[PDB]
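Removed from the display is one protein chain of the complex; every other protein chain stays in position.
Chain nomenclature is as follows: A, B and C, assigned in order of appearance, with residue numbering initiated at 1 for each chain independently.
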Amino acid sequence: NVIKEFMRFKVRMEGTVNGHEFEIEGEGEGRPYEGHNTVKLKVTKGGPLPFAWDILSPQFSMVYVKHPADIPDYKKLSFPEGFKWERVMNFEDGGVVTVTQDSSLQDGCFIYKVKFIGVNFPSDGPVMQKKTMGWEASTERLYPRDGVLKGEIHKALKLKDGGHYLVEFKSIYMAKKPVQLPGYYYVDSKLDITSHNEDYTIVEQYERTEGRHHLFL
Amino acid sequence: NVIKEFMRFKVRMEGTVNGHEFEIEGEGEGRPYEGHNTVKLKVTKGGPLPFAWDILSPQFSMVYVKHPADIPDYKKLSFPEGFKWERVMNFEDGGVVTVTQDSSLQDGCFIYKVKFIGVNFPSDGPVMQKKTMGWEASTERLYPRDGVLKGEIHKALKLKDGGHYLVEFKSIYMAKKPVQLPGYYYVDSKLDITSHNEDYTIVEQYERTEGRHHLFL
Amino acid sequence: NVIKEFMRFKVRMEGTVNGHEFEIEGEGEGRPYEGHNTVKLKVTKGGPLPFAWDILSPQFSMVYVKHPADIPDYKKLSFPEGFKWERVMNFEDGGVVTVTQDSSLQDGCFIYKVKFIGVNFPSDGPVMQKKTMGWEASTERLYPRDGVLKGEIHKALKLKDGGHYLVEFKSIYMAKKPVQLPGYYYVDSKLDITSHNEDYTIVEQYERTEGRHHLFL
Partner (left out) sequence: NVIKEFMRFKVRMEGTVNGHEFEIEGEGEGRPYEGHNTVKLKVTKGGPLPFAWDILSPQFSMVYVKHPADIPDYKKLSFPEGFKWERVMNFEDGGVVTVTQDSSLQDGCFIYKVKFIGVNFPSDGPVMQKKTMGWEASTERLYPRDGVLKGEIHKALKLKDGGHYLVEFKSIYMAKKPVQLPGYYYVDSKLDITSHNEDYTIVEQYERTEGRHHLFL
């Protein structure tokens, strides 16, 4: 058993949003089978960020999803060999982000490398004007396809002037070696910002995530 | 209270899919507060349909969703005045459908009028070739906006040879008179075809729908 | 023989936008081989319209596109048998419209029946607030697929306070009998409102449309 009750992770992101380049480094920890993890991030280059932190938050840890016995945990089964994931986030005002990540296990610690490109965000929009107030709790729809696991989520960012800012997530989870695939199921998640300095250069996050079948099934 | 423990409904649909016109008439019944309803449909014109019945199934009854005390039931509160709903269904192979519906309570019985336009479906596709095997159970994400209630769902049609055919639903629920709006919540649903003749000209359906808050809230 | 140098048409539209139902009747005329036509419309029911006329304008005449000798005029060749077309218009603020039309030739005059459903237009938007100032001239991209002719356009509505309101058009042109298909080509078009009363219940339009190959070929 390579995925222990307690596992630590290191994450590094290299990104670009509306032409602004940045680098983020971080360290995280959590309980893989209990469905929760924390992460501490630091902007190492391109700081302070001229956009909302919230668009970066869901990109900083697959192995921390609590899965019941009957639904195979594809993401956990991918280790020690390796794991990769990719995502497209379609924002309602035209913004589009594509993310690609590489996950490896080195000496009982997960190493995550994230590449992020965000484009077409309006200048007067909530992302560029930093008007977002965190994510609402979400429900991902997962299904197997092409030998990999795919997920779709209808997410929303809370606005300070009131209301929501809609984002559609489409994710593809790829194990290095094709491991056991689950059926049609759901993953409930909730990401919260627990700490931050004034310009969001140092941020701490907490995520709660649990996989399940549909309530009627 | 005009919405009783047992309510009946009449449905009338006028539609077009890939240039083929059709008319469907139906009668249904159910328990509004327990979250379940049945409906018997008959194709009255344009029969037999040269496409999958499944794309028409979710268009045939908002008042039948079980809601807990804490979440305002916008759809039930819209009566006896009136209710209207609109929807766009985006299929993964390019097929797009827009639906518009009118709802009124005429002497303890609901009268539903539906208009449907389906376009851009590939000729060798699962809808036109009738390769679908019913909907998977789903979870709608709802939120208030512009004084009305909106909802989005990531749905899927089961395929005969195995696999899924993805469809994204975006619905807008409009009360005639601006009634109380709920917050950010979810609606679980499961629609099943319970009876049908060989050419799907006489079809019976069953649906169970329940509104709830996110599991982590 | 059937498509004369001068041809007239009658059009009837039954529609719905954001729950509001309407009916429009009109008469038109033009020169098929010269690439121009005029049309006089009148709102017969649901008047005055609570939205911008501009979204309806491109739905009111395929046979009037000038084509050079080397490019097969699919739409003209579909007659006297029949023609049908479908369309989806995706607006940048979430508005979606699907249109379906049936074209017939009776008594030496074309008869057009249009069904229109418009959904998800924000209440504070330029369509519902009537802030649009006509269409910009456009260029459609056409290609054959599934035995029919398809077309895609990146169109824009001029704004009153300045700027543009973007709309993506995806059309499907279907002959009743499988007629000769053209290759990958373009159709330049410009639609102008030439006359209108205050509430847009009586409107006149003019369209110039010409088919051609890409200029670098």
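FYI, a residue touches a chain if its C-beta (ideal position, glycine included) is under 8 Å from a C-beta of that chain, and two chains touch if they have at least 3 such contacts.
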Point to revise | Touch partners, limited to displayed chains, of the chain removed from view | key: A, C
**Study point:** Option from C:141, C:176 or C:196 whose C-beta touches the chain left out
**Key:** C:141
Practice item. Could you tell me which of A:111, A:172, A:193 or A:202 touches the chain that is not displayed? Key: A:172
Revision key, fill the gap. Against the hidden chain, chain A presents residues 16, 18-19, 84, 86-88, 94, 96-100, 102, 115-120, 122-124, 146-147, 170, 172, 174
Review point. On chain C, what residues meet the omitted chain?
Key: 136-139, 141, 143, 145, 152-154, 156, 163-164, 166, 168, 184, 186, 188, 190, 208, 210, 214-217
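One rule holds in what follows: only the chains that are shown with their structure count from here on.
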Check your understanding: Based on which chains are in contact, what kind of graph results: line, ring, star, complete or other?
Key -> line
Exercise for review: Could you check if the interface between copies chain A and chain B is built from the same residues on both sides, meaning over half shared, or from different ones?
Suggested key: same
Check your understanding: Between chain A and chain C, what's the gap in Å when you average each chain's C-alpha atoms?
Key -> 44
Review point. Cα centroid separation between chain A and chain B, in whole Å?
Key: 32
Review point. Can you list the residues of chain A that touch 2 or more other chains?
Key: none
